[PDB]
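Take a look at this one chain, the form deposited without its partner chain, written out in structure tokens.
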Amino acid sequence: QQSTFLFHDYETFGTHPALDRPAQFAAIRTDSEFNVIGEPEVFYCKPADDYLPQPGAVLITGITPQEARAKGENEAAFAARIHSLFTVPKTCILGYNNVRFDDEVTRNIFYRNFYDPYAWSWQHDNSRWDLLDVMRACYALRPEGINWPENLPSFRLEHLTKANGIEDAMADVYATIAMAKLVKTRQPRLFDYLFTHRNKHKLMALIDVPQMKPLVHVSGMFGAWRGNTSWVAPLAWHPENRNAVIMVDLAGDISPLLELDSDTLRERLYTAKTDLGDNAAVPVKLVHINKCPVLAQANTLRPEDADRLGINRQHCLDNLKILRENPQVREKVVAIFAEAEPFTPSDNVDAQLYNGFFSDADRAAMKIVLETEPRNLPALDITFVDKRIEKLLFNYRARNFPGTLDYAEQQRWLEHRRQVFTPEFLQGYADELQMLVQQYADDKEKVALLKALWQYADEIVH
């Protein structure tokens, strides 16, 4: 057991990790110095017959459902394959924007196919990381030694590689490795600091709530116009999510926090910028310590870089001093999150991963499912406590092993498909394709893609 990194990327048929499906997965394993270990893998996932890909996604990836169907395996097999790669001990699974996207795909694919949704990222000394915020952090805090493309800095891999003398899912993986190498070379101490601080316990320690100790925070939510950076201070741990802390963005306008009550603050917080009119935005942001957030002591952002980024230290310090003497603000921000309407998921079991953890007993039961021949599942004498499992099991069987359904199950699946491919859904889908063909009438390649999508839909619904 030697420590390795497993760089990876998915291409999918849509943006929703629960309701859309993966098309392709690519991975490359390296040692701690980013020398390639073994052989790159890239493989496709065959979409089940109750799904149509989002046209926008296919135009981005160039991957048709026909293509994935032809050279992919079903999702049960696609899941097992990735699961075996991910659960090699002492693996740090990472990518580029994976925490907010690819990792969610992983969790849901495991969930739908009876694998633990999270163990790949913690068990047997595994962990995860994400190079996107590393690049953003390097640009904001220690940009020396690297060339940063702009027009506003860009963090697209293609732009980042071109600007630093460096040469598709597999392509993205190779490029992510190259940026990792670069930053480790030019800013080894920042790199190692970020790597060690992927651990939520090192992060948690930086937060001091009673003191409102200020920190620098680099986040895509701050925006390129300020180099994704600001000084923040913790107001309270989130009342419902123990892995979230409520931060004030010290660079913002704290008026609303002092003036408004929690109900108006909540309303305002979830108001679109373009709907705010006269009113100041609420300068509150959640930091999720289990999501590899970039946090460091306040002085990690040098005055020269605050200046470069257009961030005003005295303004932040001013806000901080005022907040420290207005503790009533803490109560109010917690209320924004504590007194909100609970989130009720839809009755679609695909969307219920976050309803709760499964028990040890259910895990044992799911383990047996995975060890049973599909043809023998119907005869499987077993019982489940979590009410999601029977629903997941029916979907699992119908999507992956349709030959194993009895007549009544066949009829149920037929009704499910009809309830998906309604005349209203099919017409929305037709109108989207027609709109896109118009938008791209001059582009032979995209038009052929849109034609494939129409043909796939026609086939699947007849």
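Numbering follows the first chain given and starts at 1. We call the rigid core the largest set of C-alpha positions that still match within 1.5 Å between the two forms. First, how it differs from the form deposited with its partner chain bound.
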The other form holds:
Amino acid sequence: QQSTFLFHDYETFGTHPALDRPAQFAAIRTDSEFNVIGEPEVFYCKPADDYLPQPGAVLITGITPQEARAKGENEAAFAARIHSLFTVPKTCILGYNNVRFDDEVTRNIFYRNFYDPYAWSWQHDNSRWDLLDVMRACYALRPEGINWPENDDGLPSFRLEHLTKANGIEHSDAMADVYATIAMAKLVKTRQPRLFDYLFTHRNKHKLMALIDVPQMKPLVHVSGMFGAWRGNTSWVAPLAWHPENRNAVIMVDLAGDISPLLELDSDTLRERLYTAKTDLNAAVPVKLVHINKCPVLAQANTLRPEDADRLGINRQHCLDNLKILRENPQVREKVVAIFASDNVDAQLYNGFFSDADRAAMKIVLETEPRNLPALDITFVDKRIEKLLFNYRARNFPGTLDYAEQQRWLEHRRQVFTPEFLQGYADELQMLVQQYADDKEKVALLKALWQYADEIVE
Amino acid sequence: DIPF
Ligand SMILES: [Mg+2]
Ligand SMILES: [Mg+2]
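Coords for the form deposited with its partner chain bound, given the form deposited without its partner chain:
And the full complex, kicking off with our chain again.
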């Protein structure tokens, strides 16, 4: 059995990985050096009839709901195909911004269609990775040898099209984003192999865990989009405490920040001071969760060299200052712990995990042909599952609904498709037409979206 | 000692 990377990307009908629906999935499999070792996997998901797409997304993706309905398969089958691809042993599943987006879509698709929302990402030596944090780390820590493009504002751009172009790489098609992601992996691996291999090694949570010494507050380099392009997404952090609820979250302090509010203020204050940000100027609370299960970029503090800090405008001396004050102040530790100490089922993935029995029973749901779902005797403990099961049957297999179920589906469709909603949606499209009068392909997409609301709703 |  051989190690493979599976590059993949979704187009969806909206920004919400749970309330919005998938439109297209695209993937290619690769060997460990990024040679293509399979055929392009590209396919559509038919949206169910209880859903209208976000106009803005269709304008981006160029994919009407009409095209996805005509060329696609119901979400059950869509889930199936992805599931196979993802569950081939020794696969590293990766993409571009996939951790904060595509993986959330994947989990919701699996959750809605009775697959384990997680197992695919760690079973049989599967893992996940996200090449966006790699590009960011590369820029932050070891930029030399690659061209780093700046947007109109003057800050670094990690949009795939700028990156490829800045580096003489043809960027043309569902497959285009995927090929660009591969080309970027190649580039970083060639120009900067030791960093690339280090990050790859540290996608794993136990290797990350090894970096974290809380009693001693070992400072680390951290590269996160939360830190902002204006410091190349980088700071020195120190771990203060483990999250008291999330077993995979550790509470870090941002050492370049202002640690005065940590010492001076109490826990209640800090809780909403951290929550309601950028309204009070009242220094920011320099504190962020790092989730060892979300491929965070972490490295021993001295991999960010003095000269590297100068490059990014990071004040090395201020950081070392804040660390020394912290260490000699362990009442901040119990303080930060204290800070952390919807009726729609589609949005309830994160209401807990399903027990062994719960999850074995959803397994039978899967094994059962749609036609025999009504005739099914099994019990459920977790209260979500009935809800998922009705929605799963109505959305994918409307033919199998009995009289009282067809009625229930209707009331559900009427519930979403209110006079308020439909008039808004119609008016949205009509304004977008005006806004984009100059952009003819959009006018046409917008109009097509109108044709679709016409048929599916009234 | 450094990794990269
Ligand atoms: Mg994407
Ligand atoms: Mg350097």
